[PDB]
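Below, in C-alpha cells: the form deposited in one PDB entry, a single chain.
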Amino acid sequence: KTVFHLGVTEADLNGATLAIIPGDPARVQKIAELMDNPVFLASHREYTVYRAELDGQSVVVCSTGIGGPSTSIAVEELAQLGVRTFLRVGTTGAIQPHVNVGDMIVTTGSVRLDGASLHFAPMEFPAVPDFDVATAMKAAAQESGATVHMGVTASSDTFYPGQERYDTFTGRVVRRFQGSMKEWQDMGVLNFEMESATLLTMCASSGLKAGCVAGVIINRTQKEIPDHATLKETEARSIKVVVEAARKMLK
C-alpha cells in the first residue's frame, strides 16, 4: 500500500507517529538535518518527505504546499500510514502593531477563512489545536529565546484578498473581506496565515493531535509584501523551535 500523492509506504516511515509539516518542500531537509539519521523518502508535486530520528524515535518531515487543500492530502495520507501527531511550522504576517518581525506565534484557535475545514466539520466546530501540542510549542518557543505570542490566527484560503491586501492587479477586495483586517485586529487576532484552519479542524475532528507555530515575517501595520532579508533568520529560529516542540511531544 503506497499512498496516492506522497509516494511512501508505512514501512518507509519506520514506525513514526509524529510528523513535522512545513509548507515549503525546500524546508524539509533543513528540518530533518536537525535530527538524527535523516533519509530522503520521496518527492512528488509539492510533497517532499524525509524520515529522521529524535531521541531514538522515528519522526517524519513532510511538506504541505500552500493552502488547506494540499495540506489536507498530506495529513490524510500520513495518518493512513500511522502518523497521529502533526506539528505545523510556517511563516505569518502580524496584524497587531506590537508584534515584531522575528517573533513567534502559537495559534490557540483559528478564524476559519478557508474551505477545506468545512470538508471535515461544519463552521460551528472550533479550529483548535491539541492542548499538549500548543503547550509544547509555547515552551519550545520560549526556551529558544524568542518573543512568543499565544492567540487567535486568521487562516485564509488566499494570500491577497482574504488577507485584505490591496497592492494587487485589481486593487479590489470582495465585500466579505472589506474592512476585515481591522475587524480581526479589534477582536484581538494576532496574525494571518493559510493552513491552520484546515489543519486544526481536520485533526481535532479526526482523532489527530495538531498545533501551529509560525515566525512573523511581516507586520501589516507597515507593509503588504514581506522583506526577503528578514526570512532566513526567522526561518532558522522557527525550525529549531518546532523540532524542540516535537522532542517535548515524544518525551
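Only residues modelled in both forms are compared. Residue numbers count along the first chain shown, from 1. If you superpose the two forms and keep the largest set of C-alpha atoms that fall within 1.5 Å, you have the rigid core. Compared with the form deposited in another entry:
- Measuring CA movement between the two forms with the rigid core aligned, the set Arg45, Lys30, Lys223, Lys182 has one residue at 2 Å or more: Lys223.
- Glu233: CA moves 2 Å or more between the two forms after rigid-core fitting.
- Look at the core-aligned forms between the two forms and you find a single run of 3 or more residues with C-alpha shifts of 2 angstroms or more, at 222-233.
Show the form deposited in another entry, please, because up to now only the form deposited in one PDB entry has appeared in this conversation.
Next comes a single chain, given without company.
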C-alpha cells in the first residue's frame, strides 16, 4: 500500500520508525548523505523522500514544504507507514537581542498562529514537543559547541503579515497582528517560523513524538545579514545537530 501524496510504501522505509523532516526538498539529500547508505525513494510536489542508515538503523528523511497544511500531510502519511518520531530541522531568524547568528534554538512550545493545529486539537491545547525529543535536541545542540536557547517560537501561517512585516505590496497588517511582534518580544518569544505549531500540536495529540531545532541565520532586531562562510557553517551545523539528536533517540 502506497500513501496518497508521498509516493512510498512501508517496505520502502526498511523498518524506519524515525523521520527527519526539513522544509526544503533540496535539503533532503544533504541530510541523508550525513548518514550511511542514503537511497532516493521518491519526489512529488514539495515531498522529496530518502532513506539512510544511522548506527545500523533505518531513518527516513522527508521534506514538508512551507506551512502547516503540507506538513500535516507528510506527518500523517509517514505515521501510516510506521513512523513514530519526527525531528524538524531548519534555520531561522531571532527576535531577541541576546540571540546571535550561529546559535541554536530548541522549541519548548509554540504560539499557535496557524490554522492546521486546530484541525487536531482546540486552541487551549499546548503546542509542545515530546520531552525526550526536546532533551535529545538540547544535548546534540549543546555538544556541538553552539550557544543553545530553549524557549517559545511563534509559528505563523504567513511569512509577511503574521510576522508583522510592513515592507510589502500593501504595506498593511490586519488589526490582529498590529503590534504583535513587540508583544511576542516582551513575552520572551525567541523566533518566528511557519510549521512548528501544526507539527507539535498534531503529534502531541496523536501519540507521536516530535521536536524542532533550528540554527539562527539572522537577528531581525539587528538586520545583519551574515557572510557566506557563517551562513554555510550555520546551515551545516543545524543538520549535523539533528542527525546527532536522531542518534540519541534510537532504541
